[PDB]
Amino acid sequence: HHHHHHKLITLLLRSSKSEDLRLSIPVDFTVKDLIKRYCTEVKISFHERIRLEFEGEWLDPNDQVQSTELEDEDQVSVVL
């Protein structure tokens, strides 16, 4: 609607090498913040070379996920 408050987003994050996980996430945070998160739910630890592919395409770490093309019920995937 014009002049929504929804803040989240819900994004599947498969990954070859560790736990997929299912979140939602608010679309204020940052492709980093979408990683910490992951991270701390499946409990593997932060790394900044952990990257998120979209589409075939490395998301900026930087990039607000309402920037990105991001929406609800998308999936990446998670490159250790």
Contents of the next structure:
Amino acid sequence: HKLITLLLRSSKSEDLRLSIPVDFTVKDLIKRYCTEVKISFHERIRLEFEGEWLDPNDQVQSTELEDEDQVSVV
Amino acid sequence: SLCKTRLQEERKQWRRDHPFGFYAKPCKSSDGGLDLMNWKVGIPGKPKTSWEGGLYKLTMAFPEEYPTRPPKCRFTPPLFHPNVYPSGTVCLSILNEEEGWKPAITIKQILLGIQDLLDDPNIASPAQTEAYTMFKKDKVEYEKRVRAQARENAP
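Okay, that one was the form solved without the partner chain. Can I see the form solved in complex with the partner chain too?
Every component of the complex follows; first up is the chain already shown.
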């Protein structure tokens, strides 16, 4: 199975659920979030999970994320 | 056990849906899976208040008798606020067994309740004398120290 479903929640955008391949990097995940909600990508966008910033260079499958987990987009 | 079962279900629900900017997770147990009885959480200041920009850290210690008894919630480090004891312990009606605590109260309700309290202190139960007095007598200085505390706590 390739996909994991995540809830990406933000201050100023509606909730976005994405089903993304687990071999995408955290950066890929941000990039897809951006084209999906029609905002411009930049390198200072971060994702928070359990009070820690996800490392953009980590593959999603290398993180503690699990199916249906909420990630906060900052 | 009920205590562990409840805490598991709260964790399950929280990780899937929680207020933006908040975080909450059990500590690692000695072995170490999860220590469901001790969580580390973060409560963000509300926008357009002097608390804005701060992410305020708390521990929640659950007793063996939870959910019949409430968790103990302690800002770490202790917070400048009229309703926070010098220990960091929060003073709030829903966290009091003899007042507002019910087994139905959730971790989410507790953290939102504490967040609400930050910018709307309960003047009728001072837990700290510095912040209380200053709040009631020197509102400008009060808000000034709150803004600095917020910068001290930038995520």
